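Trainee: Letter by letter, the chains look like this.
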Amino acid sequence: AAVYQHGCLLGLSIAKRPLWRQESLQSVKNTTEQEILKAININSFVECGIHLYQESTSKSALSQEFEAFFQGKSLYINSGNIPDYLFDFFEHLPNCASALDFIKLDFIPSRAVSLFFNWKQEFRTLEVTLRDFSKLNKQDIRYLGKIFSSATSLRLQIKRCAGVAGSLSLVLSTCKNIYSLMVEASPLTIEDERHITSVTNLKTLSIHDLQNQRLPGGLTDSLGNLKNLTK
Amino acid sequence: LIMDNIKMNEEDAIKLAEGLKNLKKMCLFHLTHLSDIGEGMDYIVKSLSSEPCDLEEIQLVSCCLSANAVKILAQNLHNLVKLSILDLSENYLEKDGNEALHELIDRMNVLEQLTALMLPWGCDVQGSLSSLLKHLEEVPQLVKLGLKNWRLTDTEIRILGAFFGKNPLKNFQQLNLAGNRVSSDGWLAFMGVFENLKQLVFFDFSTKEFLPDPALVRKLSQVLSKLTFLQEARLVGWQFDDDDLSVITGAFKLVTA
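From first to last, the protein sequence lines are chains B and C.
Numbering-wise, the first sequence is residues 510 to 616, 644 to 767 according to the entry's author numbering.
Per the entry's author numbering, the second sequence starts with residue 768, numbered consecutively.
It is possible that some hints are incorrect.
[As the list claims (entries may be wrong)] Only pairs whose alpha carbons sit at most 27 angstroms apart, straight line, appear in this in silico DSS-like list of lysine-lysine: (1) C/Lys788 to C/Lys774; (2) B/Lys582 to B/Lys525; (3) C/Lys838 to C/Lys788; (4) C/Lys986 to B/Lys613; (5) B/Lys613 to B/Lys538; (6) B/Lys525 to B/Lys538; (7) B/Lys671 to B/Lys525; (8) B/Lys568 to C/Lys993; (9) B/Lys674 to C/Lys986; (10) B/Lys538 to B/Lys568; (11) C/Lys933 to C/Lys915; (12) B/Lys525 to B/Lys547; (13) C/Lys965 to C/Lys933; (14) B/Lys674 to C/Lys937; (15) B/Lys538 to B/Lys767; (16) B/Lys568 to C/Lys813; (17) B/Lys656 to C/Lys986; (18) B/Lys582 to C/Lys838; (19) B/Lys613 to B/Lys547; (20) B/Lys656 to C/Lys1020; (21) C/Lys993 to C/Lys911; (22) C/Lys792 to C/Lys782; (23) C/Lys965 to B/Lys656; (24) B/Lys656 to C/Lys993; (25) B/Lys712 to B/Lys547; (26) C/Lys774 to C/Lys849; (27) C/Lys986 to B/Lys712; (28) C/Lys813 to C/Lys915; (29) B/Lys538 to B/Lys656; (30) C/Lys901 to C/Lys915; (31) C/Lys965 to C/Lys937; (32) B/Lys656 to B/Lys613; (33) B/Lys712 to B/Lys674.
No wet-lab data here; the hints were simulated from the structure.
Could you build all of it, start to finish, from the sequences and the hints given here?
Mentor: Below is the structure:
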């Protein structure tokens, strides 16, 4: 916990097989491999701390030692791979797992819903991303509802999703805590753009490769509604 | 006296009241689940709350008592002091109910023993709920309050939130509600009233039909979990899924529908 300095930034690519997120977000623009590697190394550090916790046989005895360690840190979770120990970490060590500043959840299994939609706490800022979505099922939306809801504030990143066109408004309406929204080369309807321009709790907005070229009821006609927009 | 689901000929109400006029030792008067008697109940309330007696526990419920009979009771609140639990719940006043209630509200200034007070339902009593507050805040012994069988709005929730500001009673344990028109911002609008009500035993908070917001599910479970008692609480008409029921804590019991 005393050590804060990173040190060497070479190698350490064993973790997170999707090192470049498997043809997803953090693409060619604004890569900065050096910062990506830091995030990976930090995540491994956090996991190591969790492993030490699991083997410390001190579930409640050493709550402070296992609080300071994680405070100010971030954790990455792949919805396609959720190790059993994650549940013990979050459920057996409350008021510590929540000390993390950020959780990064990519992609919907009910297991992801179970881990997040818990009683433990409403986690500060959740960063959630969607990749493999050619379709959005009602059950998927229902699950997202539960996942989005369990947070103080939300950051959402949607990339190359085909099932989202005409469904983005619906999904976004599930939770108004979203302040940061970006869409990567994913088609949207005017109704989706209207929803976005109509929500004034946004601070960050990023529009990539939207070629409707006709958005009267939308951002190209106004976008003066988002008074809280800063980015 | 305990009379339960006994059918009357619409005449005996008078004779019953006449017999009661000679009984002063009556301490409990329980008369509930009555048929369509209508007239004659006005005579009973005329004979009662008069000719001072030791009746402390009055439980007239589900009888279709006329608002005019309520007006009689209002006029006679000066009598039968020591009576503490006026009920008149599960009773609908088709008209003038809010006026009869208004008169009741501005009275009772001589009844310091009052507790566990249930309200009559009228069209529309919602307009006088802010008037109830005038005396409710003055009675630090109101263990329970029953406000049933009418729709509540978010405005009313906020008004109650002011009631639940609050000037503490420190003796409140049971609240109820038969139905409402409730949303996320109220229910949520009135939260922060459980911290100053640690001794809550139970509530109904029923609704015609509502699908609980996930924020409600999490907040409700955590808030109820930290309560001292939470003994046999109900939450009727709420569309909880299996995942939400799992989140809800090991309460003594829970009725969802």
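Trainee: Next, verify each hint and record whether it holds.
Mentor: Results of checking the hints against the structure:
1. Of the pairs offered as hints, the one joining C/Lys788 and C/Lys774 holds, with about 22 angstroms between alpha carbons and a cut-off of 27 angstroms not exceeded.
2. Simply put, B/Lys582 and B/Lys525 have alpha-carbon atoms about 17 angstroms apart, close enough for the 27 angstroms limit, and the pair holds.
3. About 20 angstroms separates the Cα atoms of C/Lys838 and C/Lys788, which keeps this hinted pair within 27 angstroms; it holds.
4. Distance restraint check for C/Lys986 and B/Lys613: the Cα-Cα separation of roughly 24 angstroms lies within the 27 angstroms cut-off, and the hinted pair is therefore satisfied.
5. Between B/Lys613 and B/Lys538 the alpha-carbon distance is near 20 angstroms, which keeps this suggested pair within the 27 angstroms criterion.
6. For the proposed pair B/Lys525 and B/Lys538, the alpha carbon gap of about 20 angstroms is at most 27 angstroms, so the pair holds.
7. Taking the CA atoms of B/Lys671 and B/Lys525, the gap is about 25 angstroms. The hint holds against a cut of 27 angstroms.
8. With a CA separation close to 22 angstroms, the supplied pair B/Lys568 and C/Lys993 stays within the 27 angstroms bound.
9. Only pairs whose Cα atoms come within 27 angstroms are accepted, and B/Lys674 paired with C/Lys986 is accepted, the gap being roughly 25 angstroms.
10. Straight-line distance between C-alpha atoms of B/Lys538 and B/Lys568 comes to about 43 angstroms, which puts the hinted pair past the 27 angstroms bound.
11. The hinted pair formed by C/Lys933 and C/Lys915 meets the criterion: a straight-line CA distance of about 22 angstroms does not exceed 27 angstroms.
12. Distance restraint check for B/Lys525 and B/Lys547: the Cα-Cα separation of roughly 12 angstroms lies within the 27 angstroms cut-off, and the hinted pair is therefore satisfied.
13. At most 27 angstroms may separate the alpha-carbon atoms for a hinted pair to count; C/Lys965 and C/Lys933 meet this at roughly 14 angstroms.
14. The suggested pairing of B/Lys674 with C/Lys937 is violated, with an alpha-carbon distance near 46 angstroms, which exceeds 27 angstroms.
15. Of the supplied pair hints, the one linking B/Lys538 and B/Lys767 holds, its CA atoms being roughly 17 angstroms apart against a limit of 27 angstroms.
16. For the given pair, B/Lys568 sits about 69 angstroms from C/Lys813 by alpha-carbon distance, which is inconsistent with the 27 angstroms threshold.
17. A threshold of 27 angstroms between alpha carbons decides the hint, and for B/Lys656 with C/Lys986 the separation of about 11 angstroms falls inside it, so the pair holds.
18. Taking the CA atoms of B/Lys582 and C/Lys838, the gap is about 67 angstroms. The hint is violated against a cut of 27 angstroms.
19. The straight-line distance between the Cα atoms of B/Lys613 and B/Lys547 is roughly 15 angstroms, inside the 27 angstroms bound, and the hint therefore holds.
20. The hinted pair formed by B/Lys656 and C/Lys1020 meets the criterion: a straight-line CA distance of about 22 angstroms does not exceed 27 angstroms.
21. Between the alpha carbons of C/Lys993 and C/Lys911 the distance comes to roughly 20 angstroms, so the proposed pair stays at or under 27 angstroms and holds.
22. Between C/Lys792 and C/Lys782, the direct Cα distance comes to roughly 19 angstroms. Compliance with the 27 angstroms bound is thereby established for this hinted pair.
23. Restraint check: the Cα-Cα separation between C/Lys965 and B/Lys656 comes to about 21 angstroms, which is no more than 27 angstroms; the hinted pair holds.
24. At roughly 13 angstroms between alpha-carbon atoms, B/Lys656 and C/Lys993 fall within 27 angstroms of each other, so this suggested pair holds.
25. For the proposed pair B/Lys712 and B/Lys547, the alpha carbon gap of about 31 angstroms is over 27 angstroms, so the pair is violated.
26. Annotation: proposed proximity of C/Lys774 to C/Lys849 is violated, straight-line Cα distance about 30 angstroms (limit 27 angstroms).
27. Among the hinted pairs, C/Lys986 with B/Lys712 is consistent with the structure: their alpha-carbon atoms are about 17 angstroms apart, no more than 27 angstroms.
28. Of the pairs offered as hints, the one joining C/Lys813 and C/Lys915 holds, with about 26 angstroms between alpha carbons and a cut-off of 27 angstroms not exceeded.
29. Between B/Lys538 and B/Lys656 the CA atoms are separated by roughly 37 angstroms; this puts the pair beyond 27 angstroms, and the hint is violated.
30. At roughly 19 angstroms between alpha-carbon atoms, C/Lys901 and C/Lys915 fall within 27 angstroms of each other, so this suggested pair holds.
31. About 9 angstroms separates the Cα atoms of C/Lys965 and C/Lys937, which keeps this hinted pair within 27 angstroms; it holds.
32. For the given pair, B/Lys656 sits about 18 angstroms from B/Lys613 by alpha-carbon distance, which is consistent with the 27 angstroms threshold.
33. Annotation: proposed proximity of B/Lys712 to B/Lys674 holds, straight-line Cα distance about 19 angstroms (limit 27 angstroms).
Checked against the numbered hints listed earlier, the structure breaks hints 10, 14, 16, 18, 25, 26, 29; every other hint is satisfied.
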